[PDB]
Structure formats: structure tokens, C-alpha cells
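Q: Here is what each chain is made of, one letter per residue.
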Amino acid sequence: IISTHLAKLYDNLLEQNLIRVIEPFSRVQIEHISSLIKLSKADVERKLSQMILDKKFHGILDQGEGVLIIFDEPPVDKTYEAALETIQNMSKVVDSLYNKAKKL
Amino acid sequence: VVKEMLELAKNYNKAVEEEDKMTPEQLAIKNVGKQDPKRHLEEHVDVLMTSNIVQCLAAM
Amino acid sequence: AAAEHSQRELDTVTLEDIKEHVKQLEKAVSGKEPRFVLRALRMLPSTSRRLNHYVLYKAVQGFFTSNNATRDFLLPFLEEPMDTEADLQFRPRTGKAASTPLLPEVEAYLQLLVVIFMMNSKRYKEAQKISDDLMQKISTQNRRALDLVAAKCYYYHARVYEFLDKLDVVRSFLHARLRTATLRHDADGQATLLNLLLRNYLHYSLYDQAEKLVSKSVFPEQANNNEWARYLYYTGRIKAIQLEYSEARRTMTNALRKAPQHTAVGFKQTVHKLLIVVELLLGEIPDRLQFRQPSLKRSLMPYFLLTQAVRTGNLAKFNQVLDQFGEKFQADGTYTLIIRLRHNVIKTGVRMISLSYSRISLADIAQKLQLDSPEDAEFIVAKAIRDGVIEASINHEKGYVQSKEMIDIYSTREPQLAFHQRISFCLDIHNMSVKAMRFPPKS
Amino acid sequence: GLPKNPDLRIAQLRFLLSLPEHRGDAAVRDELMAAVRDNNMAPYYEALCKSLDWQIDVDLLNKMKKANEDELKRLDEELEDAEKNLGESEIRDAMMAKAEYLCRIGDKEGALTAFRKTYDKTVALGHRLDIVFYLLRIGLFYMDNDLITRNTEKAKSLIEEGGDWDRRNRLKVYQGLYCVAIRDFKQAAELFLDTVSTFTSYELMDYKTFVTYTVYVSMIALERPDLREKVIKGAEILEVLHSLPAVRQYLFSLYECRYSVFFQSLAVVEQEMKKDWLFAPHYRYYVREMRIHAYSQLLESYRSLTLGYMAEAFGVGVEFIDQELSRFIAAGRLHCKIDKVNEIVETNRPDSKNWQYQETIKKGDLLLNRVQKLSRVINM
Amino acid sequence: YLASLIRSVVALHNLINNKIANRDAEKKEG
Amino acid sequence: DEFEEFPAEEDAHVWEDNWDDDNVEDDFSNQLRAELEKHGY
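Residue numbers (the deposited numbering), protein chains in the order written: chain X, 318 to 421; chain c, 244 to 303; chain V, 58 to 500; chain Y, 10 to 389; chain Z, 261 to 290; chain e, 17 to 25, 34 to 65.
Some hints here could point you the wrong way.
What the hints assert, rightly or not - Derived Cβ-Cβ restraints for the label pairs, each shown as a range: (1) X:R344 <-> V:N311: 42 to 50 Å; (2) V:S272 <-> Y:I370: 56 to 64 Å; (3) V:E136 <-> Y:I370: 56 to 64 Å; (4) X:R337 <-> Y:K242: 21 to 29 Å; (5) V:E278 <-> Z:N277: 24 to 32 Å; (6) X:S320 <-> e:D50: 49 to 57 Å; (7) V:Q266 <-> Y:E232: 42 to 50 Å; (8) e:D50 <-> V:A388: 36 to 44 Å; (9) X:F388 <-> Y:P234: 15 to 23 Å; (10) Z:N277 <-> V:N311: 28 to 36 Å; (11) Y:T218 <-> e:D50: 24 to 32 Å; (12) Y:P254 <-> V:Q427: 44 to 52 Å.
Derived from the structure by calculation, the hints contain no laboratory data.
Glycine included, each C-beta is placed from N, C-alpha and C at the ideal position.
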């Protein structure tokens, strides 16, 4: 009970601290974030990977330059979502027009 | 407007896909309240398309 | 027999269908709309079958019967029924109507039905004499509606000659008969004649002669879907042979899309046959959902072993298939195209390498494409790059085939252009719908 | 609840004996032999021998066939007695009971016909389902495709008119088990994950295997967000996961991003999938599928990752990791483009606008084709 | 484009509805 | 309108099948067994 719960803490204390460190930077060597958090590059290499994967913070880990490319997620531009849903809508109406066409 | 027209397409699908034939000429006259089929339909298309075309042409 | 009693009921209903056709045929002549006939002509294939000797005789004894030589021409050419118990005199023309010469539409329609029956009765010569006389009748006939009924008969007449298996005697006739339409701005007749003509051309492999005809001729844009589908296949066949592959796929896929949903098991069979081979030569692995479909399952299975060969790139496997299934290709008229592929299997693997790798070193390309030497790939790597099967640049300074850095298209002008072709068609559909709208002259 | 007729264990064993490497298995033969003699499967033995060229035991068969004949006669005698003396309730059970003996004896055709006759006379809705369920098991046991689909349609229609919850829960697994064998994995995830908590159809498979299938099919089907809330933190799925650690390692390793063990755990899941009578035709499509998700999941976070890192993370050589990405990238499954000169893989994940615009062209293009297809028609 | 499509499907639907209208009145005249 | 001009010229498996499936290669466990053994030694 002390391990499962405590482990969840340290695994969470790392996130709340990773975000605080990365808040200023917009591109930071994965090597440097290790120095601030005081964790091995492998440990931060992973925890960053899962945080980006889980949609924790909006970024990307480039390995060929050893940098975490922080950025801002632009919205989902609702207008295109209303169009795509509408296209399917009108796709169904064009079908019901067919049936009226069968009557000839 | 695209959001509002979308909901108006949903009814357009339901209104057409219904196509109920129980005297359809009477169906087209017992459901007249300035509703889905066309009046709240392309009426918006004209507004939406006029606003964009004029804006675009001004842009270019 | 009750089967024939339903048959005569089918006859009378076909007569009623014909009477419906003739009444609609006589409707269009005085209805001032050639559109009416199209309905009767579309029922034509449906009513094309379901007819034996009693049908036409009573029809020709029901229709015509003006004592005109017409009766003397097709009545002898079809077996006449006995003194049947149900002698339902089906005369839509009564007296004066009989006295009035049959309109060129119905007469050909009735004669075509005889022609169809001639085909249905394998009497292509009696139909030949019937048909050319039909043409010899309709050759002079210059109405606007008869062009439609003439167009249907033409393909049947081309079809009667089609079963006659000459196709050169009608090569000229269909070649000149075409010019009669074009000098009339007629829509359907020009469309139907061209497709039959082209079929004539490919049937003897005069692709050079054919490639010209499409070059100068213009296919009526407002053409029957059925025809538009046909012309696209023949042009696709011509284009593919002319080495214009990329356009061959675009037309053939478009030709396939226009197939009459589910009526023509055959046409879809042949087009898919070329599409699969056409696609392979261009470096694209065809769609798998094709080879599993019911109608095309066994028909294209011969091509199946091929497309598996190309992706595998196992030349030994590819030759093995041509050795076995190759002979069947000739009948399909594709062996030659496959022969092109045998010395073109390297292209796709060059595309596969360019689609996944982005900076593959040439020496590596040789390893992954079985090319004999790193030097040999260079010509092939460039050539695929040269021929626009790739989008890469070979930096020979250090032997690496860089792929083009893809851009954010939505910030460039490509999406706008794609929307323009879309909107123009969408607006045009509105005009075409609104433009006709066929408000009947308010009764 | 329902009877174990037919025993799907027998079907699974027979497929295992059909497999090449296990064709010579002796332990499978005893269990398959054990089932036949215990339930007296005479006709199936004949079918078993002819397929696997086994030698028929005449003494057993004659005693079995005579036992089958005397048992069949006894049912025939009971059926005649019920007809003369008893009402439709007794004849209905008699006919229903009669077919069940055909099931136990392996007579596929005879079982199907006898049951079909019963369904004609059966009245109570509750009894109608049981016979319908009975045909479904026959279909799965023999993999009789058309039977399994037809009855499934019967089960859905019969249940809708009047259906108690207990039978609808059962059908959910029955629909699911078919779905695994038609490679419709996504629907198997919906069907099983809705009955993992209340799996009451112990006839088809033991509970440990039902959860083991769920983890196998859940991973291939559900996206990471759904997998977490419905499998990893699922109460029942974890609980029986404490008795099947290997599947536990398999399921977690993908979620926790321990890819070295996931590939190794996938080798076990590929070998196991080869032996199951249901996951046999689909094992290859499966190991390929989880492979793509594994790669795509890792690449989801890294933009450009050294192929050396990917090989080390996956515990596989640099060469193999280069190869698979190449084969997968081509089929349009992974979004990435391998840079072999530098051994760097760069991701090409479309922006939200790009994918939406691309979808407008595709979904839009399909619609405009139809409008053109229709437009030509009506305009004549 | 979405505005254009809606105006087109409505256009076709209006011709199909009209083609039925005059045709149905066409048969009903008899 | 059947195109009688163009003549109209076992494996009842329901599932839709993709190209990569047809590819002939040794089972995955044997690949990993080789890959792990090769880098393992």
C-alpha cells in the first residue's frame, strides 16, 4: 500500500516538476532537463516520451539532436469538423434522393 | 454559420430520408413553418457563400 | 402450352410495352421531346429478350399491316404462327393509322425488334437485309428522333455484323455513318457509333489508326452514361498501348466507375484486367479488394498471380506465371502489355524504396532491389527519378538518393486549386439540374 | 448453464492434431480419444480417421455404434411412446432430447436436421433460444460458417421480440467468438469488453481463456485511451490476470512502453495463437498488427529517432528494425520515412488541418462521384 | 465548397422531386 | 443493358485481406529467436 501509492507519487512528482522546468524553454536538450530534474537521461527520456504520448504536454522528442521540441497545439478548427460531418450528412441525403429516383 | 447549417442538414436528412408518402403533397403543406427542407437551408448557403466570395475577392 | 400463353401475354405485354413504346414513340414525334424515346429504348434491352416468332408476327400483323412492303420484308424473315386460339389483334394503328405510313421511329423500332429477334434468331443476314434496309430506310430518314432509334439499331446492326464476324464491311459503313451524325449536331447517335467503330479498330489491332480517330474526334460530353463508360475503356486501351500509362489509369478507373452498377459482369471483368496490368506497369500495386470480389474473383485470378509476382519482385515467379497463364492473356488482349512489365519490374521496387527511405545510399538501393551493381542502380535510380516515379534528387557527390522535403500543402495553393475543380463541378451540377428542370408545358 | 454439447474442446484438439508440427502429438490424441469414448462419438471418429488417416477401432465402433444404435433406438422408442401417450411438452422435449444425442455422437448433419424439426414445433420463446444456441455451437465446432451466421441472425431476432438478460449476455460472447474467426477484431473488443464482468457462458471456454482472448483482442482493437480505462484498470480483467502472468506482461508491456519485453512477449503470443483452433488463420495478421501499433506508438512521441535507439529499445538488431519499418512504411501503416544514410527516422504525422483537409477531399470526392453518378441518371 | 455542394444536392433533389411531379401527373392524366 | 458485346467471361473466407498478409516469411518467433540470438551472442 505504501509502494503502489508512493510510487504513483514520485511518478507524479516528476511530471509536475518536468513541466515547471520546461515551462520557459521552447527547445531544450534532453541532456539538460536531466540535470535540472536530477535524473538520468534515460529516465527523463522515457517519462517525457510517455507524457507526450498521453497528451500531458504538447511537445515532441527529437532524438537526433537530443532536444524536446515544446510547442503549442492549435485548435481543431471546428469549421472543418462541421464540414466533414455535413459531408456525411449530405452523403446520406443524396442516397435518399436515389430512392426518389427509382420511382422514376 | 457552418455549425448552424450542419444542424439544418441533419433535419434535411431526416426530412427527406423520411420521404413519408402518406399524401406527400399534403406532407409538404402540413409541415410548413419556415423549417429545414430549404428555407433555413441554402438561404444560409447564399449568406455563407456571398460573405466568403466578397471577402476573398477583396483579399485578392 | 401455358409457357407460350404467358409468352403471348408477354407478347401482348411486350406489344403493350411496344404499344407503350410506339405510343410513346408516337408521343415523342408529336410530343416535341426526343427524351420520351430514351425510355422506350432503355426498355429495349429488357424487351429485347422475351420474344419468339409469334411475337413479331402479331406485332407486325398488329403494327404496320398497311399492306406496305414492310410486312413483305420481315414477315418472311420470321416464322409465322399458326391459327392461334388467342388471336388478340394488337393494332395500335386502326384504319387511317394503318393507312398512315409508320413513323420512322416505330418502324425501325419494330424492325429493330425483328433485327433484335434476327439476332435473337441468329438471322443477321435477314436482319442484314432487314437492317441495311432499315438503314437504307433510315439512311434517307432525316428526322431528329430517328437518330436515337437509329443509334440503337446501329450497334445492333454493328452487333448483327458483330455476330457476322466481318467488322470491316461495317468499318467503312460505321466510319461514314458516323459522319452523317456529326453533320447534324446529333448527340446520342454520334456517341453510339463511335464506340462500335472503335471496337472494330481494336479488334484488328490498328491502334495507330484508332489513336488518330480519338485525336480529331470529340466525344459528346452530354452522352449516355452507358456510352461514356464504353468510350473511356477503348481510349484507355489505346492510351495504355501508346505508353501514356498515367492517363490510362485515370480513364480506366473512371471508365470502371461508370459501369452500370450491377448489370455488366463482363465489362467490369475486362477493364479490371487492364487496370491491374496497367497499374503494375506504372509502379502501383493494385487494390486487393478487386481480386476477392465475386464476379471478378476467378476472372482476374489469372492476373492475381501476376500482381503478387511484381510485389515479390521474384522474376522467376513472374516468368513462371506468363508461361502458364500467359497464353490466356492473349485472348484478353493483354500479353503484350505484360511483356512490357517483365523488363519493368524494377520500377516499383524503386518506388517502394523511395516511398519509405528518404536518403538511401545507392549501394543500399542495389542490395534491396537485387540490382547487380551499385553503378547499375544509378541509371535505374535516376531513371525512376527521371521518369517521375519518384520525387528524389541523386546527389552523385556522395551517392545518396535524397527524397524531396515535403511541404505543408494547406499553406500553399494546391488545396485552393483542388477546391476550384470541385466547386466548378458542384456549381455546374446545379446549373445542369436547374437548366433542364423540365417543367412540362403547363397543361 | 447450457450443455457442453458439442464440446469445443474436442474441436480445438482436432485442429491441434491437424497442425503439421503437432500432427504427431500423443497427448492430444489421448484427450481427443478420451472425449470420443466417454461420450461415444462413433460418426465423428469416422470423420476423425478419414481426415487424419487414423485407424478405426472396430470393437469400439461396433460396441459404440450398437450403443449408438441401442441408444438411438431407445430415444426412438421413447419418442414413439411419448407420441402415443404424452402431449406436445413431452414430444417437444423428446425431439429436443433426441437431437442432443446426435450432437454428442458427432453426427453434424443429423444434429442439424433434428434440431431444425424441433424448432418448427417449439412454442415457448425460452425453448426456441436454447435450440438456436444449440445450432450455433455446432457451427463453431465444425466452423460451419453459414450456420453460425444464420443462427446468429435467428438469435438476434428471437431475442429482440422477447429476450431475458441472461440469454443476451450469452449471445454477446457467441457473437464475439465468431468475430475473432472472421478477423473482425474491433467488434470482438466491443462484444467481449461488455461481458467480461459477467461471463456466464462457461461452455465455450474457461474463464481464464476468455480473459486471455479479451486481452489479445482488446490490444489489437482499442486505442491507448480506451485500453487504459477498459482493460488495464478494468477490475475483472486484472483479477484473472494474476493467474495468467504471461498475458499480464503482454498487456502491460505495451501500455508501460517496455518494448523490449513486448516483442519477446509477442513471440509467445504468436506461438500460442498458432495452436488455438480459433486464432489459427489469423495469427499472422495479428502478430503483424501488434507490431505496427508497437512501432507507431513509440514514434508517436519522437519526431526523429535514431534507428540505433529503436533497435536497442526493441532489443532487436539495427538491421531488423530498419527492415520492418521499411516493409510497414510502404503499406501506408506507419507514418515515418527511414533515413538509411544517417540511420535516422523522421515522422510525417499530418497536422490537424492537413488531415481534415485530406479527409474533405476523400469524403468529399466520394460524395461528388455519387452526385455526378446520380446527376447523369435523373437528367436523362 | 461545402456551400456549393449543399446547393447542388438541393438542386438535384429538386429536379428528382420535380421529375416525379410531372411524371406522376403525366401518368395520373390517363 | 448488359454488355453482351464484351463476353461475360474453396476460398469462401469472409475477412478482407491485405497485401502484406500474402508475404511468405518465417514465423515471428523464429525471426526474434534469430535476431535475439545474433545480437545475444
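Q: If a hint holds in the structure, say so; if it doesn't, say that too.
A: Here's how the hints hold up against the structure:
A beta carbon spacing of about 48 Å between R344 of chain X and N311 of chain V agrees with the range 42 to 50 Å that was offered as a hint. Checked against the given bound of 56 to 64 Å, the beta carbons of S272 of chain V and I370 of chain Y, roughly 32 Å apart, lie outside it. Checked against the hint of 56 to 64 Å, the pair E136 of chain V and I370 of chain Y passes, with Cβ atoms roughly 60 Å apart. At about 28 Å, the CB distance of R337 of chain X to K242 of chain Y agrees with the hint of 21 to 29 Å.
Checked against the hint of 24 to 32 Å, the pair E278 of chain V and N277 of chain Z passes, with Cβ atoms roughly 26 Å apart. The given range of 49 to 57 Å is broken by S320 of chain X and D50 of chain e, whose C-beta atoms sit roughly 42 Å from each other. A hinted range of 42 to 50 Å is violated for the C-beta pair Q266 of chain V and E232 of chain Y, which are about 58 Å apart. Range check, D50 of chain e to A388 of chain V: about 39 Å between beta-carbon atoms, so the 36 to 44 Å window is met.
Between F388 of chain X and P234 of chain Y, the C-beta spacing of about 21 Å keeps the proposed range 15 to 23 Å intact. Taking 28 to 36 Å as the suggested C-beta distance range, the pair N277 of chain Z and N311 of chain V conforms, at roughly 29 Å. At about 27 Å, the CB distance of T218 of chain Y to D50 of chain e agrees with the hint of 24 to 32 Å. Range check, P254 of chain Y to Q427 of chain V: Cβ separation about 45 Å, and the 44 to 52 Å hint holds.
Hint compliance for this structure: hints 2, 6 and 7 are broken, all remaining hints hold.
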